[PDB]
Each structure stands twice: as structure tokens, then as C-alpha cells.
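Before any questions on binding or motion, here is one chain by itself as C-alpha cells, the form solved without guanosine-5'-diphosphate.
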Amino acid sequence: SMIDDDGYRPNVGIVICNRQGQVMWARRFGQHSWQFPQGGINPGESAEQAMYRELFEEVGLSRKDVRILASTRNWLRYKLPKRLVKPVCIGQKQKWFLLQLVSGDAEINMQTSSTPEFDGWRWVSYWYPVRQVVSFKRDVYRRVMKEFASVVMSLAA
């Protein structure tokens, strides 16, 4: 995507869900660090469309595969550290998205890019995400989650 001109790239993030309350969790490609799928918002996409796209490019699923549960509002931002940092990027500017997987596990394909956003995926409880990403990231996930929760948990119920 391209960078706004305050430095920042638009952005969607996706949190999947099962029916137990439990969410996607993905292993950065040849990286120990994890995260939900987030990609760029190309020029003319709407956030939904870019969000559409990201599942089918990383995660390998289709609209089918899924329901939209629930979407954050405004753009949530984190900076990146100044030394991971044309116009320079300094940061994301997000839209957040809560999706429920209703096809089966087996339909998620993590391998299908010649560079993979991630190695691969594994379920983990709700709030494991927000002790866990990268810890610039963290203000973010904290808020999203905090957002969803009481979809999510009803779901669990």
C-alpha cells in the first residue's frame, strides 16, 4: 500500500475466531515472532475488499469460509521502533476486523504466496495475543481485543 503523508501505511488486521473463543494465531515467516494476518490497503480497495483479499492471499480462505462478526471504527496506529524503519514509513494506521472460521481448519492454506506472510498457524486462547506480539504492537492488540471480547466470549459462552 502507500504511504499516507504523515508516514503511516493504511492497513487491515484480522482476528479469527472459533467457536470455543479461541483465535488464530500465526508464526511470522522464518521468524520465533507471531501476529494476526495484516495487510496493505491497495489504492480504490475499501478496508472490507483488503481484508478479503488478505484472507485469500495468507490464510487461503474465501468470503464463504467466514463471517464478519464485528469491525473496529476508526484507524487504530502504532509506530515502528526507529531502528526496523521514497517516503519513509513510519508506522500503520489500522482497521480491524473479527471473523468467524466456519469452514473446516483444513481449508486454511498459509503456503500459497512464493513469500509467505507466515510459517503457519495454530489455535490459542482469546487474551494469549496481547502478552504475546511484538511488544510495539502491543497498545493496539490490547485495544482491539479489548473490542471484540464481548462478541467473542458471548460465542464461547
Second form
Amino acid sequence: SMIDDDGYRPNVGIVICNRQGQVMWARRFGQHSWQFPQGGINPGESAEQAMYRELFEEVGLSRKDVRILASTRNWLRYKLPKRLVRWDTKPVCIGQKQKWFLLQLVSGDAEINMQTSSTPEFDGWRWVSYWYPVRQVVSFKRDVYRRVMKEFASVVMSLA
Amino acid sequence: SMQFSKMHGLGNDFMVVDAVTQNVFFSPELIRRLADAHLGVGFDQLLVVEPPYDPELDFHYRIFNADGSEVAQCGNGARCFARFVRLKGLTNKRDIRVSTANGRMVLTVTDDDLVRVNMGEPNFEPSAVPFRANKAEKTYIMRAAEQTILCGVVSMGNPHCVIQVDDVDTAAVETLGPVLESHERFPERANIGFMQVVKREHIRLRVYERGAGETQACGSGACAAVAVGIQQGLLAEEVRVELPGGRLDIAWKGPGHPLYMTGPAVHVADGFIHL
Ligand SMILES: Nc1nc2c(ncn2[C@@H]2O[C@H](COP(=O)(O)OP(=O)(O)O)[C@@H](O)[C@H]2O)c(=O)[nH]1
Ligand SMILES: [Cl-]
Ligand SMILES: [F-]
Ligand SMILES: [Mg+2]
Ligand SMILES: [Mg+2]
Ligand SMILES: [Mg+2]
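Shown: the form solved without guanosine-5'-diphosphate; wanted: the form deposited with guanosine-5'-diphosphate bound:
Following is the full complex, with the preceding chain placed first.
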């Protein structure tokens, strides 16, 4: 596995912003909750590599669909609710350690497709105001989300 | 260390806290503590900038009093909020869409860095003010006890009665004010305004509010006086207003158009405090 000894699975998060400073809000498959696209690192790939794979796997965007604007310096961690840590599966993951990327969608909105996957994680998406995700994320992700949007805000505001 | 800023607008002092990039919950106990000038900060009202509840709006903000209760007065603190989110780099827009306890507004920051608010189309219908009257006229005659006088009346959500005075420190506001505030023809009372025309685009004024009396700044009365001084025909499209609390600039094209009000917001200080 790639979980470390403390119990954190390496992860990558994606904040996709458009020209108007909105960001992409994606709904989980067969669920009510929304979030930013995030995905687990795989054995042997770097963070950027994992980002591009998960970006196409769940959002259907290619390397030429986006441009990397920024990324966080080191990892941000959040512990899962101990009501949904599967204790029987070893080595069991208690949390996730993520590195976050801010991308700007350079293609049109039509290039988004959440069906590139046999096993889609998202069935819907929309543009939302920049700070909307900080309120509307699930609570155990909120401190990470606040820090990320705080770190990325200067870049997004400095565009049109 | 929770950061904050002191700001001043409409003659009142705001403590403004960025609760977007900060994890702070304002329980009424915490608010009461921060209201203390010695143990906490010391403010007249607390303005909290929050993430929006609606994905098409930019922010939501609340205002609490020193007692720890939420205040819901239309347009309150709008000027300081709009300047604050820009000063703190929370947004770079000039037209800010924001929700409050009284609904949603759109605030525009002019490039001289003052805040413009759209407050709707004023209404002179006496049935909506309300006003005991047969129908609308540019002025009215009311006999305040032993004294006759002429006024316009308009509604901007709240009732307003306006009289021309030839200088505002030459005003018997403390005797006349209460008599027309509680006048028979105002079943829901009215904010009376004493309007001293200096030029067709410059006005000094003092307001005896509906229940409080005179306050440093009443934005409702500033738009009301200018709203009729045009309907009466004595003022221009845009009018500078000078009240004890400061200066306001008002704009209105006449019926069929909404009235805009522009005012200042001054960034006093910045602050730390450990909770
Ligand atoms: N129930 C629930 N589980 C969560 C949530 N967020 C993270 N998960 C946990 O993290 C996993 C999601 O995987 P993800 O981080 O998107 O990466 P990926 O599967 O490699 O694309 C889930 O299987 C859970 O273990 C959530 O919001 N709700
Ligand atoms: Cl590709
Ligand atoms: F995945
Ligand atoms: Mg995912
Ligand atoms: Mg995935
Ligand atoms: Mg994966």
C-alpha cells in the first residue's frame, strides 16, 4: 500500500477555475454531497502525474484542456470520521495527506465529461463562486479547504 | 490569533472580521466578550464576513450588537464590508454580490474607492408611506399645532417627511421634530428631515429619525430628502449631502428609475486577539 505509518493515504486535490474566477463544484455519484475532484496517488507516480490522471479519469480533461496556475508547498492532512474508518482492512487509513493543484480551464466547458470512467465518481458539476466551497464542503474537509482557498485566492483574483 | 479590523461608516464604528479564511464561531457569549473595551476589542457593532450560502453570490455577512444579538437593518455596514473584502484581498471585483439578514444586494466600489448602493425606486403613493392624504402632490400642507408648514412625503421602505429649512443649525428640530414624528397623518409615524438647499447639487440636512430622534447619519433620510427635492423640482440628478456624520452622494433619474446612494468607509486599524 502507499499509506504511511501514521495512516494517511497520499492524495491530490484539484481546484478548476475558469476565466470569471468561478470554480468547479462536482457532485459525488449517487449522492447529495459536492466537492472538488481529488484522487489517490498510485505506486510509482508523482503528484503532478496523479493529478493529470485523476483529472481525465473523473473530469475528462486532457493536459491541453487546462493550465497549471499554482500548487501548495507541502501536504495538507485531514482525519476521516472515525465512524467511517474501515478498521478491518489493514493497513487501515485514518486520514488523507493531499497536495492541491489550482488549474485554469483553457478549453470550453464542453470538454468536461465525467463519463470517461467505467466507474465514475461524479455525475454532475457546476460553476460556483470562489468562496462557496468553504462553506459547502463536508465538515471534516473544511479546514483543508479553507487553507487551500486562502493560498490560491491571490492567483485567482489577479486574473480578469 | 484571530485577526480583525476597525472601520468607520455612517458615523458608526465597526469591528470587521474575515470569517472566510478564519475558523471562528461567534457565540453570543464570545460577542459579548469582544464588545468589552477592556477584556476584548470595543465596538458599537460587529461585522462578520462569511462564505456565501448561494453559489451565485460572493459573500454573506452578519452584524451583531454588543448584547450579542444579530441586527437586521437594511443596508447596514454595506460600505465597510465592500471595502473590507477588497482591502483584505478576498475579492477583486468592483460589483460585489452579497446576502445579508434582509436579503441580497449588489454593491459597486467606484474607483475613488467609495461604495454605491441601489436602494430602489422611491414611492410617493400616500397609501404606501402611509400618509393621511387624498393623493400625491409635490408638496403638502400640515398644521403642526400653532404653526403651518409645507412638506413632501415619500416612502423608501420606511416613511419620510421632508421640509425645507434655510439653515440646519437654524432648526427647531427638538420642538418641531417630535410633533411631526407623532403626527395624526402618520399612522406608522415618519422620519422627518430638515433640508437646507445650498445649491441645486449640494444639501445640508439633519434627521430626526422615526423612533430614535437625531443620529449621526441616517441614510434613509438622505435619500428621502433628495428624492423629493427632485420630484419637487429643486435639485439635479446628483446631489451631495452633508450630515453631522459625514458626506453622502445621491443619484436618481426620477420615477421609473432606482435611486443610488454612495458613501465612504474608512479603514481605521488592524488587530490581533487570542480567543
Ligand atoms: N463517505 C465519504 N467518504 C469520503 C469522503 N471523502 C473522502 N472519502 C474517503 O476517501 C475516498 C475517496 O477517494 P478519493 O480521495 O476521491 O481518491 P480516488 O478514489 O483515488 O479517486 C473514499 O473511499 C473514502 O474512504 C466523503 O466526502 N464522504
Ligand atoms: Cl492527456
Ligand atoms: F480514482
Ligand atoms: Mg476522486
Ligand atoms: Mg478517482
Ligand atoms: Mg484513484
